[PDB]
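Visitor: Now for the letters of each chain:
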Amino acid sequence: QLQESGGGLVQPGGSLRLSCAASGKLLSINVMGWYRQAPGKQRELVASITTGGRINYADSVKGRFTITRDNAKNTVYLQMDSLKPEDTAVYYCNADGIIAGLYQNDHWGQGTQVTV
Amino acid sequence: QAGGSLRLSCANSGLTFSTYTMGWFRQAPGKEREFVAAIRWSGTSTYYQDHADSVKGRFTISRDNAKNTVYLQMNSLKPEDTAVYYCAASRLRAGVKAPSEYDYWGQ
Amino acid sequence: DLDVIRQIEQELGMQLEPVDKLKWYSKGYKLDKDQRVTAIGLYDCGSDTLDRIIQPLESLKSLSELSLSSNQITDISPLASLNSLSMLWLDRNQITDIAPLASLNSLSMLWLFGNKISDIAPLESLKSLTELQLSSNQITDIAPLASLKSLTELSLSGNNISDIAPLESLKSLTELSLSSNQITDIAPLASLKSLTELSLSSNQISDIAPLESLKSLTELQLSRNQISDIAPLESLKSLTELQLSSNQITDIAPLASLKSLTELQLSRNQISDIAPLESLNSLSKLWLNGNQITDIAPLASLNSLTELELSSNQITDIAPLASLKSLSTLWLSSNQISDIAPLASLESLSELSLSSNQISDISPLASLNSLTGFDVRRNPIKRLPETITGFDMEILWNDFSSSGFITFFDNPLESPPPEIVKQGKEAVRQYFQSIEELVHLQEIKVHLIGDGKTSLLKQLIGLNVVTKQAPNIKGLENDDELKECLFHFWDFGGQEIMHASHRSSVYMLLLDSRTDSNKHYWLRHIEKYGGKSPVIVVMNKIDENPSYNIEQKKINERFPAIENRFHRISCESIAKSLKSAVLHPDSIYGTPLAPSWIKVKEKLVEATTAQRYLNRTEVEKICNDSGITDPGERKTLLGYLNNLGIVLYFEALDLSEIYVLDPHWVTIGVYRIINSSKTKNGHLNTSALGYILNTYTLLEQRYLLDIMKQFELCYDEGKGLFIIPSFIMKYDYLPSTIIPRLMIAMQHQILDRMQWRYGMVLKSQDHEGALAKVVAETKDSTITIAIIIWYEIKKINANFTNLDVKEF
Ligand SMILES: Nc1nc2c(ncn2[C@@H]2O[C@H](COP(=O)(O)OP(=O)(O)OP(O)(O)=S)[C@@H](O)[C@H]2O)c(=O)[nH]1
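Protein chains in written order, with the entry's author numbering: chain C, 3 to 118; chain B, 13 to 119; chain A, 3 to 439, 447 to 460, 464 to 473, 486 to 526, 532 to 600, 607 to 729, 747 to 778, 798 to 858, 871 to 891.
Chain C extracted, bound-state conformation:
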């Protein structure tokens, strides 16, 4: 499972650092990243990073959000700056990997509210 730390209410133009740690059960992580849900909208990718070092951005938060990863301790950090009020959403963690020998390309977190 993925545990997320962060979120809250930030004034516009502020900053945030959403952390996401994968439990020791999750074994072989290739792609790990961040998604969002706005009220009355659909899930959409924010950022994805791979074990090799390939970054995929949403083309709407390009040059705005930064994704960083530690592979030793399987952790992703979303550093978010200059948060326009269209980002008032609930952010979710996406990962691919193996728990108890089973592989799914979509392991989700609980979600955390970011308000502006």
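Don't read these hints as lab results, they were simulated from the structure. Not one of these hints is a red herring.
Some chain A residues flagged as far from chain B (calculated, every beta-carbon gap over 10 Å):
(1) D143
(2) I166
(3) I207
(4) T242
(5) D341
(6) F393
(7) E396
In the DSSO-like style, the derived pairs of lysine-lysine whose C-alpha atoms are separated by at most 27 Å in a straight line are:
(8) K79(B) / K427(A)
(9) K68(B) / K611(A)
(10) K75(C) / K23(A)
(11) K79(B) / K384(A)
(12) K27(C) / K261(A)
(13) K424(A) / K79(B)
(14) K90(B) / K582(A)
(15) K68(B) / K582(A)
Partial chain C-side listing against chain A, Cβ under 10 Å, derived:
(16) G8
(17) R56
(18) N73
(19) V92
By construction, the Cβ of each residue, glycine as well, lies at the ideal position given by its N, Cα and C atoms.
Put chains B and A with the ligand on the given structure of chain C with help from the hints.
Guide: Just chains B and A with the ligand now, kept in the frame of chain C:
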């Protein structure tokens, strides 16, 4: 435009209220903060409710407790009566109709 | 050869690096004694890598490890001539056919999960395999793995596998992943004994018969199934983790035989009692949400717990949860808990879910400073406690359960407004600090000034002094602005009736067409006496002369207390004029004074409505009942009591028996004696005031006698005689009582009882002999002198403020 209408709203939130009277003062060219219309409204009640010069009909004053606001209605506006309006709050509870006690200037 | 490695490097444009023991995400190579390539990793090299590298790959015959994981390849036909391999990574590609994987006689490790394979026949000749990853595929049968011995780790999970019987032929395995499939019978998994981890997740399994045979298992994942009996698991006590999520189970006693279990997810079942979880002291995580359980007391002996999920259960009393101290998460929402006192000792908590319960008081959860999540949605909370804003969290009104947040939804928040609590923590704090952090009078008097009065009494539906409220007045009850306003109406009228003293009032002057000649009189009376009160001039009886209108502009500019408040009605704009006149700075209707002043005023009214005359001692006693003894403060209180006409007070009484006095009797008393048809003749009897009047007695008789001599209205002469006097000198607004004040000198020049009631005759008793007579003419507002007198006239008119006089 000349002789038109203009409703100005001035809102105050979380203050003395009961120990506060709201007065509108018009002074563009350093007119020494001339008194226009004040109101010591307490809920539905209203105590002071007085005007000056242009008087009533010309200038209308009201207060709504639903959103704690005071409304100044400008009608038959004379063009030479060009001035900027400020909100002032009076707090003293000794002597009604206290002009000099409008210390807490508004926005 | 490093030449081959460089060839691959420029073909792919990727910096292959001399590395160590190969991994699935490796992108380099491994050398040997005499620098021979043995292991090569191509991680994410594009979809066209395999068809472009096979010639260099076959060029060197020492390769034994290949990593092409996550390359998204579709054809693996080139992977045929590299017969020297030992390990092959092919994860996460669009591979459908594995037929080329037939000539690789030597292979010990094969990773293929992220693929699209459907037929595993070709890897039937792979003899010495030890690791197979085949999860998340489209396979439906596993025959060919039967010939595959020496397998230790097998992952066939995420497919359409229904038969599993050939796995019986495989007996060397250690980890078996068999999940997200369509499996019903696990009978083959009996002869296995070396297995340690078993993942039999989502499936249609309901009879775990052969698992008793297994004994070395440490991880057992059995969730989203249709199992009901867990007695088979009672024998085995070696499992560090056994997950039994969504299922239909009612008994957990067989679990009580386990003691080394660490994490237990027991969710969405029909388990009734959790007492068997009374001996598992090593439990670190417990998930018991969504069940029909009642009592948590048996869980009061698992002090090693760190995570507790008890949500959506039928628990009401939380008290036998105070023993646990090392708890970090506590989800017990959607329950019937009432008070949260026996949690104040949970110093280590970091996330709470207390929503959808019947909780009213939140105050006890105050010392839990370590909380990083608290969720109390859908509860009947009435008041927000101080400590609710003492937590390191921000506040949200949303329906989402988010960590690091104080959350409310669907709560009857009465004292704190829901808008205030949805604004934020800072707004809650400012609202509460404002909650942590005078009284007006609302009275006025109206004297009707005639020369009519009944016509304005028709608007009331009275010999002065009548009380009314906003509903009483017709035409002014529409405005709720002045709903709680008292109105006092006084009115008189006559020729010789003259009571100047019976702001803080409103005077409606009354006019009639025949009396317009005497109009300056009462207007100047209002200007001089009374106060600076607003004045409303009204002309009545316009029906007899519908063409008469006064020049209201001239009198309005002459009298600055009018400000164009006029009416021309006969028997309404009167209500509008009255309202616009009451709320004036020059009048007192809303005046802020201390509430102690209004208590003192009420006590004074209570004393004066019966006593009718206070003593100075009693006045001071009542004033100091509230501690007020400042002469200025008491003077202002009495002035506000007098100018509003409830309790009168004059500065010229000079009597110690009476300090203040009641207008309801002390003014009507002067009214009776001032005219009783015995004073009309001009002289009042010795002491026949009882014949005049008659609560009134002889003591009050001589009280009022002293009062009327003190008001400078008459003189007692001798033997019980009484005057009641009610060159060319002209006065505008001829004062009505100037002859009563000029006739007080009775023991002075007087001929013999010669008084007109508008004049008098004088006979000088001083040196020599002079005969004098002074007489008044109301119709001309003049005074005549026949021949000290001028000195007395000036001494009497001195009691006026800018009263114009004319001498001729
Ligand atoms: N029927 C009728 N009589 C009227 C009306 N208006 C005035 N009157 C008469 O006028 C008389 C009273 O005159 P009024 O102007 O009230 O003098 P007053 O108030 O008594 O005396 P004052 O010195 O205080 S002004 C009454 O006898 C009344 O009958 C009216 O509208 N209808």
